[PDB]
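Chemist: Can you build the whole structure from these sequences, using the hints too?
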Amino acid sequence: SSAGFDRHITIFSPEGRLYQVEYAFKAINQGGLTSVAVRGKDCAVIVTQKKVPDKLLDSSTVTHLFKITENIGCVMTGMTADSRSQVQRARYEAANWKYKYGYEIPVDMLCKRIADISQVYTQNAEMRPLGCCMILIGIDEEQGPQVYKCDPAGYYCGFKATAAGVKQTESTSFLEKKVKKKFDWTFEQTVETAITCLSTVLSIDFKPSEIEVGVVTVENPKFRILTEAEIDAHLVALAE
Amino acid sequence: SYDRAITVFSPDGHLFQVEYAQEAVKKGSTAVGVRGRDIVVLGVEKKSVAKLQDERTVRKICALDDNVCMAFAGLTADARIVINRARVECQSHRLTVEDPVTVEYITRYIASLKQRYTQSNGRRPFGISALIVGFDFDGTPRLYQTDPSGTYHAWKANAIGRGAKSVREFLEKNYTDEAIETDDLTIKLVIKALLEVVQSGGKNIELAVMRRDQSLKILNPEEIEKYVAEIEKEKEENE
Amino acid sequence: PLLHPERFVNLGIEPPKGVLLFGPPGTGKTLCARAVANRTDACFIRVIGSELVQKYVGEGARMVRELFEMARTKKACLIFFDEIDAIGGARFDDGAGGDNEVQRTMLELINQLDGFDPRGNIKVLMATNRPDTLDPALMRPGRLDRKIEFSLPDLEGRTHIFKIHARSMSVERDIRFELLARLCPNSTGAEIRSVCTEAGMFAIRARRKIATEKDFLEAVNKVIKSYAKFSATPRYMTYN
Amino acid sequence: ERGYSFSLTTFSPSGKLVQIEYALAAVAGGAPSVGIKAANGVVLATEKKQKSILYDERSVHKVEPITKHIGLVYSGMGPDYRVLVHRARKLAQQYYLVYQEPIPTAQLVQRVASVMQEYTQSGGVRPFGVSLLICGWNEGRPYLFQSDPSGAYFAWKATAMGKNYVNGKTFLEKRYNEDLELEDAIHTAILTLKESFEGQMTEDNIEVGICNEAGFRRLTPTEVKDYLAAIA
Amino acid sequence: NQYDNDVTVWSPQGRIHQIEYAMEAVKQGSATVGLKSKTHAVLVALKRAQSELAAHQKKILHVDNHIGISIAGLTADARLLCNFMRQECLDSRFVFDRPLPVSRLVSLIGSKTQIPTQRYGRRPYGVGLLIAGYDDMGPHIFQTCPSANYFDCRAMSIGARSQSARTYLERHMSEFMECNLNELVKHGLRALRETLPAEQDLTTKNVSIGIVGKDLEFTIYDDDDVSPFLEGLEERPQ
Amino acid sequence: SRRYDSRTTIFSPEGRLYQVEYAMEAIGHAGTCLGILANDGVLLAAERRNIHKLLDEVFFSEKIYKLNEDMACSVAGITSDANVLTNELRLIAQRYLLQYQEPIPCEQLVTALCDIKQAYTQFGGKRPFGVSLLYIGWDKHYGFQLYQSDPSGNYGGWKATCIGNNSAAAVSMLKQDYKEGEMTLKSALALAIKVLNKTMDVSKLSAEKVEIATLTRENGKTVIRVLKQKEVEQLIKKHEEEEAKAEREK
Amino acid sequence: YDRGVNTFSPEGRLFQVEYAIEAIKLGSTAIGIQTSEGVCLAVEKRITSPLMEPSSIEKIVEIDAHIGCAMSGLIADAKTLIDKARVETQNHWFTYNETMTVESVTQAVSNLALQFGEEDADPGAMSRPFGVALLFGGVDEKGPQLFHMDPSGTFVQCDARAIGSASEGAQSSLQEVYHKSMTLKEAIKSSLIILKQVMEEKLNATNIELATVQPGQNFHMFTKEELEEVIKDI
Amino acid sequence: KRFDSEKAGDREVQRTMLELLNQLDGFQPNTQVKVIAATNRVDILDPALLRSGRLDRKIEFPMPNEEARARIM
Amino acid sequence: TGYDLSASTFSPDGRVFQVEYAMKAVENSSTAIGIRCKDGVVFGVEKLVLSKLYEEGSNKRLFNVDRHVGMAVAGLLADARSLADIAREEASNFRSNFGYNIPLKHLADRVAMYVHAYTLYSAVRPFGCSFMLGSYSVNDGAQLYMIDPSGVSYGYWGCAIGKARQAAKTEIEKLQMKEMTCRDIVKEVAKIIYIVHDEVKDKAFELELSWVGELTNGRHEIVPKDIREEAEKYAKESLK
Ligand SMILES: Nc1ncnc2c1ncn2[C@@H]1O[C@H](COP(=O)(O)OP(=O)(O)OP(=O)(O)O)[C@@H](O)[C@H]1O
Ligand SMILES: [Mg+2]
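Residue numbers (full-length UniProt numbering), protein chains in the order written: chain A, 5 to 244; chain B, 2 to 240; chain C, 194 to 433; chain D, 3 to 234; chain E, 4 to 241; chain F, 2 to 251; chain G, 8 to 241; chain H, 294 to 366; chain I, 6 to 245.
A few of these clues could be false.
Not close to chain B: a few residues of chain G, all C-beta gaps over 12 Å, as computed [claimed, not checked]: (1) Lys32; (2) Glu95; (3) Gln97; (4) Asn98; (5) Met107; (6) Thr108; (7) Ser111; (8) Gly160; (9) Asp166; (10) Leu191; (11) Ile195; (12) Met206; (13) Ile241.
Below are the DMTMM-like pairs computed for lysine to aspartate or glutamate, each with C-alpha atoms no more than 20 Å apart in a straight line [claimed, not checked]: (14) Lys57/I with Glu178/E; (15) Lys54/A with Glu214/A; (16) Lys418/C with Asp148/B.
If the Cβ cut is set under 7 Å, some of the chain C residues that face chain B in the computed set are [claimed, not checked]: (17) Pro427; (18) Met430; (19) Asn433.
Just so you know, these hints were derived from the structure itself, not from any lab.
Idealized CB from N, CA, C, for every residue including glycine.
Modeler: See below:
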């Protein structure tokens, strides 16, 4: 199934597939964390788990949520330094678009440009194709909320509910079963479903000090991060 | 900007690419050349006429300037660029010191180019050997021989290409002062030498002479038959 | 140590046991082994690596065990291994298990030379032409203490080889061998013997009875300069 | 940084370029696509299918308009399509700037083929892994063209590309002619693309674009849903 | 072995082999010793000749009127590095109009030598530079390596078969701090002689000495006026 | 970096370059083009390979290209490199015309293109060009001219040549029946038809499976024509009836 | 199975420089002697065919009016160093207006030997050190001098030097017939004797060449009329 | 280590290794015999052999330092 | 075999091997400990003396990046000095461009990005150093950060880098740093240094300490001699 250096660089194997991109998808799961993004009627939420193994570490600087722009929110999965570089690149691109064209950049154009940048690595053979994922959420006029996903292969798509990490398949199946019912979603309902999907996939019944929640809604499009008190209130409301 | 070493030193002190180039040279057509009192004669063999060619587009005897000519043996493609560069250098020499180029100068230029082309980074060596014949100023005819390595020598008679050892051995035992006394005797000697080993039965010979009076004068295949018949009669009624 | 085993015991010194001979092909190893086997007075058990490649599993180790048992039965005598680079290179088991039964044979051979009462009064000596591929665990002292190296002769070795390979000739009184030695800067003994044989054949060619200097010169020209196309030498001086 | 600058495509002892064959074998495993031209315009049809119900079917489009009267569809790799689309648009704009006239389809096809060829000889670069179908209508007569990873291009009358394309070509052999209409062309294109569809043929699983003497345009979901009726 | 073909790859044991090979290559140079007193710094070198009809190779160079060096390895890299040092000292003297302190020079040498050990298709410099100088902080002696790593020492000896010299230097380290030149040079010469066999020691033709002091600039003594430092040396113990 | 390099510009122990030979063997397939001249006018005969039932037949030409006002060329091999080479030599001719205000002779254009083609077998480390092509033209210095190129870089004049796949048999028949300075532009077409019949195994020589181009001279026109499909079947039927008559005679 | 241009051996030697060092054991032997009265250089031509012109091949060339150079090893790539030396001497004369010594010539020509590489600049050199060995002879402000330069980039001062394929034997012979009170005539005679002993073919007036330099006159090369009288008195 | 294949394989030694694994721990506990094992290359060894219940303590031997070398001499 | 010869290849499991080898090389340093107090940061390094020849204070492993920033190093020395130089240059550029002292959360990100830039391409190699940055500011408090060869930068309350990292952090845990001022914490650092590195490993060693905080009024500098001497005097009582 190999002929030459098709196992070592990005060239076509005799069967028509190149393995160096499939290896990054396995490299994504090295971290061991799972994140979910849900879209509602007039809001969008991101939920992620975070673990601090020891008390020596400073727990205030292990966040996996980043703020690219005052209206656009993001979350990463996989390697850390690659995600940091990608976030830096995204911030630069958003600032450049705003300066050059005089109005805020739509989320879909940003995701398309990020995928276009990340597609070159699988074309030239002198570089490694940045094995980390990308999830973006935002609000946009005339369309409402939007959630977008981008993967290292140079591919992107818009969604209504997404999960990325080690437990992608089970959470995807749960979200599909839930969304087939076609029930109208509100703020509390979206947050509750987002929390319960992770809770039932992991079977942990976690405390309010090991999750991160980010929200956006049509009353103040500013991206904001929930505090611990609000998370505790949501958790106690969830369990009757 | 491709930059990788092609020619390197072997573990026993050899440059194998130059040796392979010489091996490629040793697979071409034969070229013979001699110099005389006032006429310098050079000939090529193994014309291999296919009765469909044009005799004026497959020639191997080139005229660099009004007083020098050369014949090559090796890869045909590599000869054209060397010929063109030599012509450009010969023409550009006249804008400087007005005297026409001497064969020493052009031979040194060609050898220097060939040698430098195996030191620069990311190129393969040339695959041709050359015989340059000319009569410079003051009336002194002379010929020179150049190698792909970058070494050039001065001889009195040479043969290069395939099957050159036998021709050289024949030439070493038949070059005398009286054999170069007559103008036509040198041409007869060249025809006899070029017919020694390589078959070249009369119709596979292209000879050219320079009389140190005018430009290159290639001869049509009419007197070649006459010279062949004369040599045949000399051999037959010699005994 | 086998001839006068009284001074070593008196001085309380235990002599080394093994030795390996490496160098380019043609240098001399097998001829030196022949000389050793001639001068010896004890056994001489010869074995070639290609004889230890069997058809059924678990046969090479049995053969090695039988060899060492038979050797231990007698008082004290020598074993010779020829072309050891065919019975074990290195443990490299990756993917599907390939070339590991030969590794078991090599492991049995290693085990028979150390641990729990080593073989004792047995001396082994091995030769190879590319020693760069042998296993690290086999080359440590205690098994291969001595590492004699055979290299191409410098200048006087060639003169000595010329003198000893042509002292049964029919030549005149005015042949100088220093010039002949200077004309072959990097050559082996086999090439010199072939030069002498070809000079003799050129003498026999036409009619004559006495080989002349020109015969030697043209034999050198035809054997060294003309056969350098093959020459076998340049790519083994790097032991690859 | 710096690249490699040595060619990654080399001649085999049998005189064949292996990487081009591998690229073609990768193209042959893509999504099916069909293209038909009949006497009034051109129709390009393709079959798209989402893995699950979470995907949004109104986010990305298989059919893209290069300009007012040229359309283009692909078959093969996903990401490799977008750069080609962008390059084609840029080339068209350049031509419009130079000559103040809309670019003919043949010139655009030639330029795209030249780019795809130039992209398989430079240093340290693998060939493209997609194939293209281009449709246009310039100066009365419509035009349909097909590109190739090796850089060659041909002019067709009815083409099936992608997975299981030999049977599609056989089907088009026995139905196509030189005297039809745009509507019957759409009907036969849908019929021949139905040979590889799943158990159901929903409107969301088909992309259809039509180019006539009024300009290239992609059909709205309502029109495709209507056209799917009265068939099969 | 495929882990020892270039300077870019890492061995599984967290080591790089080309740097180790360069350090091994440094060991073929002839022995040399350097040390410092309270107000002086001296360095002695042992020459070597190919045949009896050839002159001995020179070791001690002259970088600046307050900085000297000693080399060990292949000479081309030593010449290049000496040229770099001279250019840097001249630039500093031209701009700020004051002598350049030794520590900054050694830092510059280390920074320049670090670069070729990270790129592709390069090689480290094979040299064993020992640097001696005097500045406002007193005497100074430094050692550099092909690994782009320098040290600060009080007495050092490097080259081929330099372990015996190091042993002698470490044994008699206490007395160096107060003695004057007339016995400091003798200590250095004894340390150098320790590395030789019992055949020939110091026949006034294969020894060179270099001194830098507070009131005197860098000076080199070679094979003619070296004799005053030889007489009075004790006979070799047997 | 140098582990992945293939070293596509080195010699070989026997003294030949492998990549050029492989390219030469690649042209051993994919087409059959022949040319012959003996008097006023030169002709090109080519075999069409794209013979599927669903084609549009656009551009009024398949393998015959125009390079200048009075030049023409065919090609055999990889098509994309053929496009590159033709597009590159067109502006060579144009810039010669710009500089000298005089049509460029065939020799200079052929030598320039051969130099460009040879440049890739000397340095750069890139894949060479797998294209071999024929040139025909008329110039005021030597009348009509025909030439053949080579991926190696060398060229040469000719009088009748085939560069296709069965070129050996075509050359044999061309040399078995050809006259010097007698064949006008009427019997050369018959000879081309005979050779095309023999080379291609497919019988009956369907008129849409071949392409013929001619170049004649006028007062000042030098017209290059691609004769339509309505003047091919008559030549084929004349050939077949002549062959039947000859067979019946023996 | 491909290494780099300038990798290091486990022994720490090198690979290209060693092969260059042992690639000069194939050239013709050359002998140079330095005396308090002058400097003499001699080399053999190694004629191979009667048709070759013996005067065409040359091994001793002059750099300036008082410096000469003898070459061994390869010959095709030894022109660049000679031309560089000529240009350096001319530049020094133009700038400082004085005849610059031979030590400086040797230093300037040896600084260029170790410059090969394949990753830094475009002119460069493939992988090849100059596979030649050079002997420099001359007279300067401090007397007559002879120098030996080697492909490794290391130059040294010698009193009587022999290079080429017969280096070891020639030097073993030279080591017993040299002393500090030796004149030009006996130096030439001894060099001729050594060359005659170590040559392959017979020695005559057209197989070798010689050149001497004295403090009085400039660089002078012998001719075929003053070279035979020193031969018959061998 | 074990592996998966369909053209050819090496299974007899794997079966003896499986029996050896079953002897340690396994269905029947043993508490009268002790096991010591020696090797010099661990990365090519089956993970089931390196379980905590089968081989409890793992000792690594480092290369000797200066003092250890002096003591050995 | 052949998946770990380049930094631009993914192993089938999905991880780069060269950075792991760089971490293994880093794992042979001595020790470096950093603890943040209520009003500053304290560094401590134990340094091994190879021989008596080396002068006291050579091979300093405690640099000065800026007027208010420290630095602690473990690993190779050349790469450490290169990183120190690049950090100095970046801090100087930031000060000159904007006009005020650079915060740590930005300098650490810049240096981490520069380090990560080297683990993508095959024309360079990963770094072999791991380092710690510390500082104090009046309006920002005390800051500590840790960066490794991979390019991951985290904040900490107390960290240890080197050979015995675990045996040192297990003793940092018992310490309570959240309250007590760092006037006596130097005693704890000394005591935690002397309870590591058994005398069998090496004969002797020396101690190096740093200081930055409100006591030093922002600037980072070496601890006074008398305070250090009292620290060793207190820490020498571990024999009880
Ligand atoms: N020192 C020597 N004196 C004389 N002859 C020698 C010497 N060394 C080698 N030879 C020649 O080498 C020839 C073959 O040598 P031998 O087979 O022992 O070499 P080797 O190194 O074992 O070869 P290989 O690697 O091919 O097995 C002998 O016939 C002999 O002529
Ligand atoms: Mg043998």
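Chemist: Hint by hint, note whether the structure agrees.
Modeler: Cross-check of the supplied hints:
1. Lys32: 7 Å, violated
2. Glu95: 19 Å, holds
3. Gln97: About 19 Å separates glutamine 97/G from the closest Cβ of chain B, which puts it past 12 Å; holds.
4. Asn98: 21 Å, holds
5. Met107: Its Cβ never comes within 12 Å of chain B, the nearest being 27 Å, so this holds.
6. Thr108: 29 Å, holds
7. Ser111: Since the minimum Cβ distance to chain B is about 26 Å, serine 111/G lies beyond 12 Å and the statement holds.
8. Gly160: Non-interface label stands for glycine 160/G: nearest chain B Cβ at 16 Å, farther than 12 Å.
9. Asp166: Fine: 28 Å to the nearest Cβ keeps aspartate 166/G off the interface.
10. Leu191: 32 Å, holds
11. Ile195: 28 Å, holds
12. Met206: The assertion about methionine 206/G holds, with a minimum of 21 Å to chain B.
13. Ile241: At roughly 29 Å from the nearest Cβ of chain B, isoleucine 241/G sits farther out than 12 Å, so the non-interface label holds.
14. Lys57/I with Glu178/E: Holds: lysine 57/I and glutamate 178/E sit about 14 Å apart, inside 20 Å.
15. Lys54/A with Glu214/A: Given that 20 Å is the threshold and the Cα spacing comes to 6 Å, the pair holds.
16. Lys418/C with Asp148/B: 19 Å, holds
17. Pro427: For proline 427/C, the interface hint holds, since the closest Cβ of chain B sits about 5 Å away, which is under 7 Å.
18. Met430: 4 Å, holds
19. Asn433: 10 Å, violated
Going through the hint list in order, the structure does not satisfy hints 1 and 19.
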